[PDB]
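**Q** So the chains spell out like this:
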Amino acid sequence: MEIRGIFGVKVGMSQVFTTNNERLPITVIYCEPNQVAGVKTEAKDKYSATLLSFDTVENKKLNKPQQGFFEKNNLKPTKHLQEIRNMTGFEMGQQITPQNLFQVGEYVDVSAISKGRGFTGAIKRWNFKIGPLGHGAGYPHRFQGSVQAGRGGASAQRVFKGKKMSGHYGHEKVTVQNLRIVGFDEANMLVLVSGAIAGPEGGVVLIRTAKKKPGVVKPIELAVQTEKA
Amino acid sequence: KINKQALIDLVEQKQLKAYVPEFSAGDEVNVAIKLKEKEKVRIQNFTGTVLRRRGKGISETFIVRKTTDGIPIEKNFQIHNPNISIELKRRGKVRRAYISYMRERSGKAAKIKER
Amino acid sequence: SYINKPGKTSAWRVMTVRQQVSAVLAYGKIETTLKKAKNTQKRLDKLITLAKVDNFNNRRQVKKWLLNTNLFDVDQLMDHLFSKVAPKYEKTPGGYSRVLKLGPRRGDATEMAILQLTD
Amino acid sequence: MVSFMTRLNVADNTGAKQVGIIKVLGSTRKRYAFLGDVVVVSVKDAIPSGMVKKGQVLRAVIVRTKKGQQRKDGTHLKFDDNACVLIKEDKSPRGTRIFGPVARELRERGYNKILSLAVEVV
Amino acid sequence: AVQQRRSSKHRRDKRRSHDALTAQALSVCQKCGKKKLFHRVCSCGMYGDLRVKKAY
RNA sequence: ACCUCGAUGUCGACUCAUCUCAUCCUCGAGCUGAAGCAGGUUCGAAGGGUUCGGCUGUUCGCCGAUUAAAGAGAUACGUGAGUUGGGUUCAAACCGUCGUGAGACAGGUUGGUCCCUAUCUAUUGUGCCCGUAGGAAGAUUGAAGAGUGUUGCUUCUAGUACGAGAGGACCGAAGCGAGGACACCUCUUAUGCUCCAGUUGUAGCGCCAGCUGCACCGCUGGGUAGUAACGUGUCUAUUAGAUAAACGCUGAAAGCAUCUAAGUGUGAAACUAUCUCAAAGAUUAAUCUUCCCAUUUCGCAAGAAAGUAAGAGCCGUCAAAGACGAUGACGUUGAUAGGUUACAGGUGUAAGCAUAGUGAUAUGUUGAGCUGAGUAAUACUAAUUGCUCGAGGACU
RNA sequence: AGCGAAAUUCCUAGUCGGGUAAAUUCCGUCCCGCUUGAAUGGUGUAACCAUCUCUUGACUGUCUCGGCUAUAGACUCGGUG
RNA sequence: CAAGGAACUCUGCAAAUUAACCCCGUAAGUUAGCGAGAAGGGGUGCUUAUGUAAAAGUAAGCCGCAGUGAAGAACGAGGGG
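Protein chains in written order, with the UniProt record's numbering: chain A, 1 to 229; chain B, 3 to 117; chain C, 2 to 120; chain D, 1 to 122; chain E, 2 to 57.
Just so you know, these hints were derived from the structure itself, not from any lab. Heads up, some of the hints might be wrong.
Below, a list of computed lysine-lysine pairs in the BS3-like style, where the Cα atoms sit at most 25 Å apart [said to hold, decoys possible]:
{"hint": "1", "chain 1": "C", "residue 1": "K39", "chain 2": "E", "residue 2": "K37"}
{"hint": "2", "chain 1": "A", "residue 1": "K129", "chain 2": "A", "residue 2": "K163"}
{"hint": "3", "chain 1": "B", "residue 1": "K3", "chain 2": "A", "residue 2": "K228"}
Work out the full structure: start from the sequences and follow the hints.
**A** Here it is in structure tokens:
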């Protein structure tokens with residue numbers, strides 16, 4: 001099972017009218033073509049994968065150890081470096097175009113770090129009912145509920161690990177699946193995709209083949225008409 | 003290396019309408035809508051005045067209200083939507099770019115047109 | 002719980018920054034807390050750029066932010082500015098003030114800042 | 001959104017004036033009405049000169065909505081009030097003359113009998 | 002809420018262990034005399050190489 | 001009545017649930033006096049979920065709409081140092097009764113005071129120090145793990161099989177779905193306290209006009225980003241192993257028969273996988289890449305000298321982040337923030353002038369005018385010509 | 001005499017009818033009233049109710065279903081403590 | 001603050017809705033006084049003119065989407081004890 005991937009950033013949100021006569025919203029993701037930093041075959045490294053570099057930078061940054069590492073392999077000076085599992089069918093330092101990997105109808109998946117929300121209450125995080133406000137709203141009415149289930153030295157006597165509670169929510173690389181690719185901009189090296197993409201503007205996203213299916217293209221056609229008078 | 007977000011406007015340039023007629027709120031218009039049913043093609047004329055006109059480039063939306071059989075109906079429309087034809091009938095005047103009273107008023111309260 | 006200090010309000014903030022910009026336009030240098038200095042400097046630059054054009058409607062607009070000081074009055078201060086201060090900054094695209102960190106205040110140990118202008 | 005115990009007017013030959021929702025037909029805890037959803041209703045006001053009696057619970061479908069829902073076209077039609085039409089035990093509606101226009105969001109779902117008695121369909 | 006029993010002195014040391022303070026920045030005045038703090042105006046009333054105020 | 005009567009605040013309800021299986025449905029199987037459809041019995045199976053209303057302090061109970069289905073118990077008939085005090089039985093008032101009587105009901109009725117700033121443990125995020133065998137910058141696998149994988153309708157298959165008639169399949173395919181969850185703000189909603197328009201009065205700007213403060217943001221209507229959905233899009237799936245119930249082959253003991261004894265299998269919403277997430281504090285401290293120094297060398301490895309140069313840290317600008325710490329970027333060589341410039345977008349014809357009118361007003365100027373957060377070119381201003389720790393591959 | 005499932009009825013959530021889609025509480029009515037009861041009064045009774053209850057019209061953030069904004073808090077730095 | 005309006009709930013506890021002025025009109029009951037601001041409807045801006053001593057007013061014209069434009073403004077009805 002080979003999975004082809006690419007790295008990009010969410011640069012905008014848009015919409016379009018397509019065939020079947022229905023309007024669809026489109027995420028705009030600038031997908032930077034990448035350079036093969038290395039490969040790990042499943043004969044010596046114990047598993048198959050391909051490490052890529054992206055987010056290119058200048059030559060005065062990228063501290064001298066990593067600069068010398070890049071120069072040793074004649075690697076493009078980049079800020080970010082990530083690997084994609086189960087892909088070895090390429091050579092060292094190859095430029096990859098998403099067009100050769102993704103099509104106009106294939107469903108894909110995106111791992112993207114969500115928008116950071118910092119400290120969020122349990123209700124804002126677990127989406128439970130707010131306490132009643134009639135006949136006395138009570139001093140607290142927006143809180144966790146209750147975990148009181150232990151009475152006597154034999155029922156609970158303590159709280160269980162991993163109990164739902166307020167805290168840090170989001171800002172994690174969530175995987176969204178079955179995103180129908182809408183279009184490609186070869187000149188500007190960008191992609192337009194259906195659905196929604198987590199994270200803030202310019203958030204780092206990794207687009208790979210969906211794990212719900214091996215990847216089958218569908219007749220996605222964009223609809224345009226021209227009235228004139 | 004820079005992201006101007008003009009690329010957002012660039013990717014959707016293939017979708018712009020040809021004539022893009024100009025108008026504003028308080029204008030009576032009869033929009034033509036293509037009802038394609040795969041067994042017969044029906045064209046419906048929906049008349050009424052403009053309620054608002056939002057921008058945002060490709061997403062210019064505008065609400066048009068009709069009163070048929072004593073039933074008021076308001077429909078939001080976008081020029082960029084294919085199979086939709088926009089025809090201007092008359093243009094009036096309004097001291098705003100948004101209305102709420104007309105969204106809850108009745109007959110004999112429409113706006114007169116100015117030459 | 003209940004009735005107490007009304008707290009800091011946007012109206013109080015705008016009145017305070019108006020007073021501070023009037024004072025600095027009267028004097029030239031203002032030593033305060035850095036938090037007020039940084040956000041005051043933005044409106045100060047906006048008003049200076051507005052005053053770069055000597056027109057009666059612009060005078061009307063800037064009167065919405067001017068107040069009365071002991072050193073200068075609104076009528077006195079407008080003429081003073083348009084006479085000497087406005088022509089000098091007319092050759093520079095923005096950045097008409099300098100905010101420099103002062104030491105911690107003797108009363109609250111907050112890192113004060115001094116805002117100045119005119120080279 | 002329209003919900004249970006929401007009295008709205010009727011739009012056909014019944015003789016009733018107002019009628020309220022009691023429960024939306026279908027899976028439990030849906031609790032959210034939409035266009036074309038079949039519901040159980042109880043008449044609120046009715047004259048004997050019609051063909052309905054007070055206190056009887058029957059089945060109806062909402063056709064016009066004050067809330068408004070957005071259609072797949074992307075053009076969102078709304079109404080300033082809520083309208084419901086009673087249906088007799090199946091796709092066939094009790095009434096013969098419909099008052100006011102209707103929408104096409106239920107044409108693909110059948111209900112050709114209702115549109116055969118409607119003047120305009122959106 | 003009251004404790005079950007009074008806190009131990011070593012527990013107090015644990016409480017104040019992470020409460021330990023650090024030092025702060027220092028900088029020699031590039032134009033004025035004795036040392037001052039970083040990104041500050043010197044006792045001579047100036048930013049580095051920027052006479053703006055009287056010393057006293 | 002054996003801890004407790006020198007302390008367990010207790011019932012129902014809301015939020016929050018959890019555990020088990022004597023299993024409600026969804027799943028499957030065996031059998032049936034089960035033609036099919038509608039059934040019944042028993043078993044495996046706890047993966048998931050299993051309503052809203054009327055009466056009532058009430059569980060229960062009754063009715064209605066139902067829903068694929070409205071399971072059975074327990075966690076002190078869970079849940080007050082989370083909430084209300086809704087029933088009693090503090091006291092007060094009243095009805096009937098009991099007693100001669102104060103009073104009482106093993107009756108009811110009326111209104112009838114809910115304290116705690118968390119020390120540890122447990123939890124959630126969050127960090128500092130140090131360790132992993134010189135140090136730093138990175139990429140990683142993953143031993144054990146955590147999430148959830150629910151289900152209905154319609155159409156075709158097909159009125160085929162079946163029965164005769166009524167009626168009406170097994171299996172399979174497609175679409176529509178419901179509950180819950182994930183993400184976003186292109187649309188649409190909701191706001192939008194340094195956006196705008198109008199509008200009233202007041203007090204002012206020497207007066208008019210025009211402005212500011214006040215009157216909840218003074219009020220009303222919109223509106224940039226922002227945030228959430230009532231909005232969109234997706235998820236529920238697919239597959240495999242071992243299997244439960246159950247179905248078998250060969251085949252004996254027991255020349256027969258025989259799914260069992262050996263061998264062989266088939267076989268479930270159950271288990272493990274597949275998918276999502278985290279990670280070597282995984283001290284059992286794992287793997288790999290690069291770089292720094294290793295300028296004989298006294299001492300248990302460099303202070304008898306150079307004490308990193310790699311980096312990290314203090315400080316500033318900060319925001320994709322953020323309670324604070326931290327995470328991430330930039331510090332004159334810089335676009336890090338703000339300003340300028342212009343753009344997007346919003347309000348929607350500024351002020352002022354001229355014309356007609358007795359004047360409010362209307363007309364041209366005028367799509368003018370301005371616009372907190374968005375967008376990019378821009379060193380114009382603020383990020384100092386600033387400082388601290390930090391090298392010798394330890395030993396075999 | 002009068003009244004009566006009433007601030008009095010355990011049986012009883014008594015019977016019937018009305019509203020209530022669906023009501024043990026609501027209303028009218030039935031009086032075997034364990035133990036109603038005539039000045040610890042009995043039956044109707046106007047104005048009044050910070051008395052109680054039932055139903056209805058508008059109103060809705062009580063509720064499906066929560067979301068948004070500003071302060072005072074919380075937290076961070078100082079002083080005191 | 002979008003919708004539904006009591007469904008939540010012991011029960012519309014609350015909250016919310018109405019409201020100041022004058023112009024019409026105002027039910028049953030009845031002890032004739034009350035009910036009653038019953039209920040429910042019309043409007044209040046500006047300019048000019050007419051208005052009487054002043055207003056209230058009347059006529060004409062004009063604007064805003066809304067004019068006791070902000071602040072002080074009774075929710076109501078029916079039934080029972």
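**Q** Now tell me, hint by hint, if it's right for this structure.
**A** Cross-check of the supplied hints:
no.	hint	result
1	C:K39 to E:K37	23 Å, holds
2	A:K129 to A:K163	18 Å, holds
3	B:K3 to A:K228	39 Å, violated
Checked against the numbered hints listed earlier, the structure breaks hint 3 alone; every other hint is satisfied.
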